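Before any questions on how it binds or moves, here is one chain, the form solved without the named molecule, in structure tokens.
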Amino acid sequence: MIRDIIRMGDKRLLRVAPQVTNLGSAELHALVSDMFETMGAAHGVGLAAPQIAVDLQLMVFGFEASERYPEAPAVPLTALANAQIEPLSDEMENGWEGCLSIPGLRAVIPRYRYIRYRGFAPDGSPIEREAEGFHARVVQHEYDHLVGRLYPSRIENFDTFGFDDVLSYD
């Protein structure tokens, strides 16, 4: 079932979400399944549970081909609960971000180029991966949602913030 994606301005995206405590549950599986479906219909690369108004530390992401990027490399389809993130270097990198809670817009955002993230698959088994570049950016972006942060508050260069159909920054 496709959920409504709530848009920026909705208090519910400002919350710090509590942990997922029903790993392996049929309820949790139904929720993630809805998440992938919603992300897919909206052509997202990632989706955080608070974006469909569920106050949980849960995100889905990944894709083979993005209509949106387009030529970002493939990121594996992942559902990850109780995400915690550590950078593996100080190196930052600028890239375009957008949000389905913010349709039409985009901006350039510095993120860590190299991270390890840790958490749980919905069946309860542990996930830990090192990631870089676009992969790492997506997971940093979705994580911010879990902690009530959106991308505008990370913009350093405001010249790069605008509507997707109007921007012409490199």
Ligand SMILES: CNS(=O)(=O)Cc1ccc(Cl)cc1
Contents of the next structure:
Protein chains: 2
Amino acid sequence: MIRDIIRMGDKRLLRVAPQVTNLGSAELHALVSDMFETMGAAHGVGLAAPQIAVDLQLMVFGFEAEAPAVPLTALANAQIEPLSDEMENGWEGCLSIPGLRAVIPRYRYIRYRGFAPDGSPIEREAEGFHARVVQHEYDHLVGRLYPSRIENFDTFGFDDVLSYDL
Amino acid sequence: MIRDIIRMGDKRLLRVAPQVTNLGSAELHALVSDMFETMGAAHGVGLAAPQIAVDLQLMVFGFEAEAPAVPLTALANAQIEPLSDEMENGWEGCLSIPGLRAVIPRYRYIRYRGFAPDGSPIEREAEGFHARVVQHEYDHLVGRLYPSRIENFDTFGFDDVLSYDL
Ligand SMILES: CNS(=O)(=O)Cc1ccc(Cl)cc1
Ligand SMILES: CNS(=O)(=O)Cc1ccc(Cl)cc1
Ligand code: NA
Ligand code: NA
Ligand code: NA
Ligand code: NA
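Take the protein just shown as the form solved without the named molecule and give its structure as the form deposited with the named molecule bound.
Starting with the chain above, the whole complex follows.
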């Protein structure tokens, strides 16, 4: 089922979410299925559970169709560790902040760990857009959105209007 | 005539505007008239010329109808000076950033100086919302918008969704 995505300004996006403790359950697999459905109907590349007012350390992300393909992934209890100090700027937008985007610095190289909805462990090294998406969704699980990370406010604006060439 | 208001992301909002040098002219009085018309149709309380892609140190502002009434004013070549170090937080939104608002600290007490469209000097002390509006519009004449002034990102969100009690 498609769930409503709450927008920036909702206090429910500013919470620190507790862990998932029902790995392997029918209830988790249903929530994850709704998340993938929801993300797809909104044409997102990532969606975290707090964005559908579900207070849990859970996100879905990934796509074929521009950057290189990111595998379709549902990840509970995510933990992230940079694998280098190197930062890279790139464009970010967010389904909870419709119409806008900005340039945001992220770590270029990370590892992330957690669990798939069936309880099996996930751990991967990621770089570039893949790594960016996982950092951006992880921020939602700690009550953070991308505007508080903008450094260059010239790059923040409506998608149909911006002409900034990063 | 009503003019289009350009939105955040337009480079034309990020310019430093030159002075008005046609005080008393028919062309200035027509531009000012369009600005008041434009501001009123959008229900604004302030509008600066860069917001209608006119690169000039010129703003209009003011209203009867909530804060205390601010006199309807057209002000060219504005210069602002704080009259105290005291800052105050308050809600700001912007016609070039439709749908959003945030809490922004401004100087509580200022003087501002410049010229009315007929060339006569204007100088006034202002406080509270009056002072805030003039500082906010003045920022447009130096290529600045309110997001680069937010300190507490919990307060930034869509007007129909926020429940932050300042
Ligand atoms: C999940 N969000 S994100 O910032 O990491 C990926 C993204 C990048 C650019 C745009 Cl316009 C939208 C989303
Ligand atoms: C001209 N802009 S402003 O921030 O100074 C006045 C204002 C205050 C609150 C809202 Cl929601 C909109 C405008
Ligand atoms: Na928070
Ligand atoms: Na690690
Ligand atoms: Na600028
Ligand atoms: Na002064």
